[PDB]
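J.: Here are the chains, one letter per residue:
There are 2 protein chains.
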Amino acid sequence: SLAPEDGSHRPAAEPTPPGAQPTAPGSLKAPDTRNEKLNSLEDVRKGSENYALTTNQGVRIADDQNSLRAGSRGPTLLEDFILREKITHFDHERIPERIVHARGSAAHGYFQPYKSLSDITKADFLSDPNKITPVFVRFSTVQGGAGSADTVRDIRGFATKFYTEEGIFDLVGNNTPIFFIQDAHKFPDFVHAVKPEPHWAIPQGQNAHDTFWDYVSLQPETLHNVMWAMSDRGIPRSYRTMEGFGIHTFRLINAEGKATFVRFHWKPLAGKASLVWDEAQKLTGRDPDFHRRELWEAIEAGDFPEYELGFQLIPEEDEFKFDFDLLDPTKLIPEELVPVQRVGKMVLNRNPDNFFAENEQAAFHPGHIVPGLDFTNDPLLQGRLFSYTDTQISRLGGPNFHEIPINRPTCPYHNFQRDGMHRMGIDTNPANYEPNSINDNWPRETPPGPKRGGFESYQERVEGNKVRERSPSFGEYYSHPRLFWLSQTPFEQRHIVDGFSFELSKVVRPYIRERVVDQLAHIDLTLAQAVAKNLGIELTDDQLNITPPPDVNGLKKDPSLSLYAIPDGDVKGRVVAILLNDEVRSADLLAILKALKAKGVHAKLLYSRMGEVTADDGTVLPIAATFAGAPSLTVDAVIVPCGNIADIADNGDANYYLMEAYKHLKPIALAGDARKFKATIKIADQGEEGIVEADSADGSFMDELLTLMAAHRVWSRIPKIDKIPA
Amino acid sequence: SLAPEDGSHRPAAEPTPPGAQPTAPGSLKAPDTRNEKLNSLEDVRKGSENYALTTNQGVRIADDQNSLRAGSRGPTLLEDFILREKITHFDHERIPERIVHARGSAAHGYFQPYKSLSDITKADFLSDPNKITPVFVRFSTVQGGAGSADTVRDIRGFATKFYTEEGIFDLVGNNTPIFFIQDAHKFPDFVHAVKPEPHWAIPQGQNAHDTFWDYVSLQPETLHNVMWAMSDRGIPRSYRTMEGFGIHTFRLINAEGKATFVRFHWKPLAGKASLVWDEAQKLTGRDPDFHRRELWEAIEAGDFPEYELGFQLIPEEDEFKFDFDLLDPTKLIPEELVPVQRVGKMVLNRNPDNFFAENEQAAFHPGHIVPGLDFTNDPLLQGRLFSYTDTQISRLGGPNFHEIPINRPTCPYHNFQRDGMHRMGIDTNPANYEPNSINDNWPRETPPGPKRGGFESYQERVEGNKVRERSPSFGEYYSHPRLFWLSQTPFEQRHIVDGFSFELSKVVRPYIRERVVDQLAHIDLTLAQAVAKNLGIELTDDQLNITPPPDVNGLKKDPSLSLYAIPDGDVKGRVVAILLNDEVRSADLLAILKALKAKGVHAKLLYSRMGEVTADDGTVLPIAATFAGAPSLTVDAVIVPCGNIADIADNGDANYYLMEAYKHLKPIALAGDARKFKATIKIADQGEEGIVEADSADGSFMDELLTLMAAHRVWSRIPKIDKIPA
Ligand code: HDD
Ligand code: HDD
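Heads up: the protein sequence lines correspond to chains D and U, in order. Each residue of the first sequence is one higher than the one before, counting from 28 in full-length UniProt numbering. Each residue of the second sequence is one higher than the one before, counting from 28 in full-length UniProt numbering.
Be careful, since some hints might not be right.
As the list claims (entries may be wrong) - Keeping only pairs whose Cα atoms sit at most 25 Å apart, straight-line, the calculated DSS-like set for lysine-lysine is:
id, chain 1, residue 1, chain 2, residue 2
1, D, 709, U, 705
2, D, 372, D, 294
3, U, 631, D, 560
4, D, 747, U, 705
5, U, 533, D, 631
6, D, 709, D, 294
7, D, 750, U, 703
8, D, 158, D, 294
9, U, 533, U, 560
10, U, 478, U, 372
11, U, 703, D, 709
12, U, 750, D, 750
13, D, 705, U, 709
14, U, 285, D, 703
15, D, 750, D, 703
16, D, 747, U, 709
17, U, 705, D, 705
18, D, 533, U, 631
19, D, 709, U, 709
20, D, 705, U, 493
21, U, 560, D, 750
22, D, 631, U, 285
23, U, 750, D, 709
24, U, 703, D, 747
25, U, 750, D, 703
26, U, 478, D, 705
27, D, 750, U, 372
28, D, 703, D, 631
29, U, 158, U, 478
30, U, 285, U, 478
31, D, 294, D, 142
Derived by calculation from the structure, the hints in this document are not laboratory data.
Please build the complete structure, drawing on both the sequences and the hints.
T.: And the structure:
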């Protein structure tokens with residue numbers, strides 16, 4: 028036996044906080060969590076304990092340490108079938124990554140609606156508040172490869188597979204409410220532009236290069252989503268703290284055949300929260316798997332990601348009531364004009380067992396709809412419907428990708444389709460066609476109906492010539508970017524300016540930067556001037572005189588577009604670094620941890636080495652990480668208790684830890700002699716908002732810190748940070 | 028026309044320093060760089076200027092902006108073949124990445140021997156110093172995906188495809204002289220252990236995780252390459268500044284049929300140089316494409332990567348003369364015992380045109396040898412021979428991957444093989460079998476001979492039973508790690524310690540850390556105690572009393588194992604950050620740029636914003652990047668000219684710039700009022716070795732600076748950096 032005697036190789040099969048236990052496969056970690064999809068994957072789950080090592084043919088292997096050779100220093104023999112099976116399988120492990128959104132992290136969960144929506148849709152998964160629908164959700168970036176970093180600036184994908192009783196419904200969204208382009212025909216162009224440039228394949232995971240800004244400068248329709256991407260929306264703190272949107276207008280179809288237009292929304296119940304750019308960038312180097320890790324660990328801890336499904340609903344007769352086209356995917360529907368009606372709740376409560384088998388192989392496709400939904404003519408949606416079926420033929424090896432376990436419906440599926448690579452189902456039907464008499468025409472078509480009926484498209488009127496033409500109604504590019512800008516707080520505006528300025532600095536051809544600044548002058552002259560200035564560009568007289576675009580249906584702002592305008596902080600599942608010394612004051616530590624535990628906030632105990640330290644009273648404190656190994660990038664706040672402060676006062680790493688957290692606007696709390704650390708970050712004797720300080724770590728020292736954490740970052744600190752060399 | 032009037036979209040077709048011009052495909056950048064292989068690709072290069080946009084079938088496209096739809100707001104029509112072709116090709120762009128070494132960067136060049144080697148090898152490419160062999164070289168990391176970061180801690184791959192007159196020879200090596208494991212049967216185990224863990228696919232590009240150290244702790248044969256990976260060898264400054272090795276003993280065979288044992292080496296003519304860990308890790312976040320960028324830009328600048336090919340030659344009668352087995356790929360041959368004969372030089376002088384077509388699709392395989400070379404019984408080599416043919420069947424789509432342009436021989440190739448997916452050659456031979464009379468038996472076998480002859484294996488004697496058994500002569504695991512350890516400088520020793528300490532700190536299961544510490548105590552107690560101390564572990568008495576392993580054939584060190592013991596700095600191609608201010612002392616800048624130019628050292632002008640600044644004498648200085656956009660991580664030294672130092676004196680980014688560079692041991696030079704920056708980095712009034720300072724930037728100031736740059740980093744500074752919060 029290689030396992031240790033004390034059984035410490037095996038993670039506890041119960042919820043534990045991040046870092047307490049090694050992470051494990053979801054069905055070993057949380058064996059008691061179940062839903063109908065997880066249950067149905069049981070036939071393909073393979074265990075391992077107490078089984079013999081075999082070939083794939085079931086032959087027991089005696090020596091898995093050597094090749095077969097003629098003499099123990101001799102040549103390897105071709106007859107070594109155990110070696111060749113094992114190397115062959117290794118040699119063919121990889122499958123193509125997704126063309127876009129290659130980088131992504133996934134979890135199982137469930138959805139339930141709040142009430143029946145049968146008055147507006149016959150969709151079965153929305154028919155009954157008791158009806159629970161298993162889900163599999165994959166979150167992702169867009170641009171980078173599967174091995175790229177999580178906390179890049181990019182759009183995020185938020186893809187949900189609902190395993191309904193009437194088929195698979197995939198809701199394939201992003202974390203911003205619009206897309207960059209209007210017609211699918213341009214997708215390979217846009218994607219080629221944002222992707223690594225084709226001569227040298229640089230840069231990975233970054234829009235900060237010439238071809239992307241070239242495209243944008245020439246295609247003003249992209250400016251709306253670019254504004255989002257340049258805002259702090261482009262750097263979420265967690266997949267748990269971002270919004271999701273279906274982007275397109277789709278249709279709900281009720282049992283009377285009435286169509287209602289709908290846009291889909293996901294509201295994060297843990298609230299909205301983003302990083303700051305310098306933090307996000309550095310974090311791609313300190314922990315390129317930060318969001319993937321954070322997601323897995325939240326679930327293992329029982330901080331399950333929760334989201335609320337919502338619908339913006341527009342009657343058919345209201346199609347033309349707005350200043351923009353409902354079918355234009357570069358246009359959002361302001362919540363001030365059409366509120367989001369709450370629909371149901373989704374909880375992600377189980378990690379996969381095998382990342383490749385469940386996550387890498389999952390195929391999501393927005394054409395996968397169910398009776399009670401239908402499409403519209405949104406010409407970007409329209410082209411999507413072709414792609415997500417097509418791409419699976421190479422990515423997943425052929426037309427039986429629905430038989431890969433994670434993709435299988437849990438409801439019945441029967442039809443006359445046969446064969447194809449790696450065909451699993453063995454059909455016993457004497458007929459493989461219809462109509463047939465030799466099996467009495469089974470499986471049979473089902474008329475549409477109120478429930479359990481066949482799919483019928485809504486009979487929308489089509490009238491016009493066969494044209495490759497953009498609708499004139501789509502030809503307005505600035506008003507939405509402007510509404511977005513005006514809806515942001517002043518610090519969010521600063522961050523947008525600085526996103527454009529940093530990205531444009533990396534564009535080598537100066538005329539591209541100028542053409543982008545010219546485009547910004549059409550959206551807002553304040554934004555345009557602030558960017559221009561950071562680039563050494565002066566606006567012309569002409570540019571200074573560009574009339575701003577009209578407001579959107581009378582709105583001069585919509586605060587639902589801002590991350591922070593309306594506080595919606597949740598501290599549960601956030602993390603605090605506690606910087607230890609070799610003689611910690613235990614009364615400080617007890618108080619800190621007790622207050623954190625009460626609010627569901629985790630802690631990591633840091634020191635200059637691993638092992639343990641002993642507190643003043645003899646208490647042994649296990650160290651999670653070093654200052655350098657778990658940098659401030661990875662936590663939401665930092666607390667330093669009293670003790671032997673001299674032990675760390677001249678530690679570069681410990682000082683720097685505070686400077687980095689200070690710069691990135693995080694709450695910092697210092698107790699007793701840990702107040703000495705005020706010098707390092709240049710805090711006045713009388714203190715400042717965002718630095719909590721006191722003789723000892725209570726009375727209200729933890730309440731104040733916890734209040735700063737609910738506000739996420741100390742925005743008021745922003746003018747103070749250019750000073751600090753961090 | 029969309030290009031700018033002044034033609035600044037197009038980079039000059041002449042060598043230019045990094046950042047001076049946009050980078051370009053190699054045949055547009057260096058159209059007159061030719062070699063036989065590059066010329067032979069001309070049939071497949073496709074241009075673009077002045078051609079009409081078409082489908083793949085050659086049909087001109089009128090509107091590449093719109094799908095075809097029934098009405099300009101109507102549905103997309105299935106008959107849109109233009110859209111579907113474009114989206115189909117997009118949907119299938121990706122191919123499986125390499126199972127290992129997926130991340131890599133490649134260039135064209137040539138090789139030429141220094142003298143005829145026909146005394147020891149009939150290999151045609153080694154027959155005449157005037158024989159020029161085109162080459163294609165791909166450098167890589169090992170663990171991470173195609174999308175992961177360059178400056179990770181990893182082994183690096185160094186693969187060279189020689190397009191010889193008698194066949195392709197691929198020399199498929201790494202940047203350390205041994206591998207982790209003895210027998211190819213264990214390669215899937217080792218690789219699964221090092222790769223992201225299967226439940227959650229974390230971590231990317233890092234050995235710093237439980238499963239890797241689990242394997243290492245249980246397989247002491249790994250310890251030798253583990254030591255190299257934990258040293259600064261695991262973090263090269265550049266693919267130009269690392270060694271390459273074939274690892275295995277192979278054979279040269281001469282025209283008389285005499286076999287000589289050979290190990291291959293590549294010696295970098297730019298010298299050996301590595302980053303420090305904190306810089307490397309941070310650089311994976313600031314520029315994950317840094318090595319790829321730096322290789323491409325060196326070649327565009329004319330800093331061609333050059334390497335000397337070297338052979339360690341051991342006569343057949345000397346097979347058993349050492350105290351390790353020549354066929355054990357975890358053992359190196361110390362150059363103190365068998366010197367490296369320098370045999371030729373390879374120059375990398377042209378970048379690819381298309382990364383995907385030339386780099387991603389390149390197939391290298393060590394079984395691709397030519398008459399004059401042969402294999403040995405090394406059980407790791409033996410197993411590789413199977414893998415590199417097998418893996419291309421999925422990765423490159425079939426058995427015709429040799430017809431992919433970058434992979435084609437430039438010499439004749441004719442045989443009876445036919446068909447296979449994407450067969451390009453159209454065979455006219457009446458026969459597809461031999462022996463045949465219908466084509467008079469052509470193409471025909473060729474007897475082996477001194478030149479242009481067929482391949483015959485060296486008739487090595489085999490005697491032994493069919494066994495799966497490790498040779499007992501491979502059962503020694505510690506003496507090579509020890510020799511490597513003892514051969515490092517004191518500062519390289521500290522970085523090895525820090526390497527294990529950092530990595531093991533991230534292993535969650537503490538017993539794994541302990542088991543690894545125990546292994547180190549079988550190598551060297553000093554090492555084992557220093558790593559234990561960082562982990563909060565105490566060695567027992569038993570561990571304190573483990574006898575060290577014996578010397579290697581009497582050697583207690585070999586300075587050729589160190590990166591830095593023997594000075595071999597070359598500053599050509601290195602880069603310095605010059606930090607600007609809004610009134611630069613122009614006389615300082617003239618002197619600096621002049622001295623750098625003379626040594627081939629590049630410069631990047633940095634400021635708080637883009638655009639320009641104007642010098643005291645009115646010279647207009649273009650800014651390359653901001654302090655934040657081109658961090659000190661990306662440069663070899665920092666110089667700060669005099670001028671209006673007040674302008675940057677209080678800029679946090681400029682201050683941090685100097686702190687970061689100082690912490691990573693880089694030379695810093697400060698002229699006139701720039702010396703006010705001594706305060707940010709805590710430098711005593713009467714100066715410190717590694718900080719160049721003077722009233723102005725005279726001739727002596729630049730010589731001192733360039734002398735430091737030749738020593739790569741200021742190792743004496745290491746005790747000062749603990750103090751610095753950066
Ligand atoms: C016409 C092509 C096309 C266009 C216009 C879009 N996409 Fe897409 N998308 C794909 C073609 C595609 C794809 C090529 O089919 C992918 C890559 C691999 C795959 O399975 O689907 C994909 C993947 C993909 C994923 C990852 C699903 C997963 O995690 O596996 C998400 C979240 C989206 N897309 C979301 C969007 C949104 C919100 C869009 C605009 C509203 C959008 N896509 C436009
Ligand atoms: C038994 C399997 C096996 C073993 C023991 C090794 N490798 Fe390997 N290697 C592969 C199987 C393989 C592979 C699966 O066939 C790869 C992956 C993709 C490809 O085309 O070849 C590969 C790729 C690969 C590459 C990248 C080539 C390129 O850039 O495309 C390098 C540099 C090496 N290997 C070097 C080594 C060295 C120096 C080894 C030990 C001395 C070694 N490999 C052991």
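J.: Take the hints in turn and mark each one as holding or not.
T.: Quick rundown of the hints versus the structure:
1. D:709 with U:705: holds, 19 Å
2. D:372 with D:294: holds, 9 Å
3. U:631 with D:560: With a Cα-Cα distance of about 21 Å, the restraint between residue 631 of chain U and residue 560 of chain D holds, given a limit of 25 Å.
4. D:747 with U:705: With Cα atoms ~23 Å apart, residue 747 of chain D and residue 705 of chain U stay inside 25 Å; holds.
5. U:533 with D:631: Answer holds: residue 533 of chain U to residue 631 of chain D is near 13 Å, not above 25 Å.
6. D:709 with D:294: Violated: residue 709 of chain D and residue 294 of chain D sit about 39 Å apart, past 25 Å.
7. D:750 with U:703: holds, 16 Å
8. D:158 with D:294: holds, 21 Å
9. U:533 with U:560: The hint holds at about 15 Å.
10. U:478 with U:372: Given pair residue 478 of chain U, residue 372 of chain U holds - Cα atoms ~23 Å apart, limit 25 Å.
11. U:703 with D:709: holds, 20 Å
12. U:750 with D:750: The given pair, whose Cα atoms are some 20 Å apart, holds under the 25 Å limit.
13. D:705 with U:709: Judged against 25 Å, a Cα distance of about 19 Å means the pair holds.
14. U:285 with D:703: At roughly 76 Å apart (the allowed maximum being 25 Å), residue 703 of chain D and residue 285 of chain U break the hint.
15. D:750 with D:703: Holds, because 19 Å separates the two Cα atoms, which is no more than 25 Å.
16. D:747 with U:709: The given pair, whose Cα atoms are some 23 Å apart, holds under the 25 Å limit.
17. U:705 with D:705: Since the Cα atoms of residue 705 of chain U and residue 705 of chain D sit roughly 23 Å apart, the hinted pair holds (cutoff 25 Å).
18. D:533 with U:631: holds, 13 Å
19. D:709 with U:709: holds, 17 Å
20. D:705 with U:493: Violated, at about 72 Å.
21. U:560 with D:750: violated, 37 Å
22. D:631 with U:285: Judged against 25 Å, a Cα distance of about 65 Å means the pair is violated.
23. U:750 with D:709: Measuring from Cα to Cα gives roughly 18 Å; hence the hint holds.
24. U:703 with D:747: holds, 22 Å
25. U:750 with D:703: holds, 16 Å
26. U:478 with D:705: Status violated; Cα separation ~78 Å.
27. D:750 with U:372: Violated. Residue 750 of chain D to residue 372 of chain U sits at ~51 Å, over the 25 Å cutoff.
28. D:703 with D:631: Status holds; Cα separation ~22 Å.
29. U:158 with U:478: holds, 14 Å
30. U:285 with U:478: Holds: residue 285 of chain U and residue 478 of chain U sit about 15 Å apart, inside 25 Å.
31. D:294 with D:142: holds, 17 Å
In this structure, the earlier hints numbered 6, 14, 20, 21, 22, 26, 27 are contradicted, and the remaining ones agree with it.
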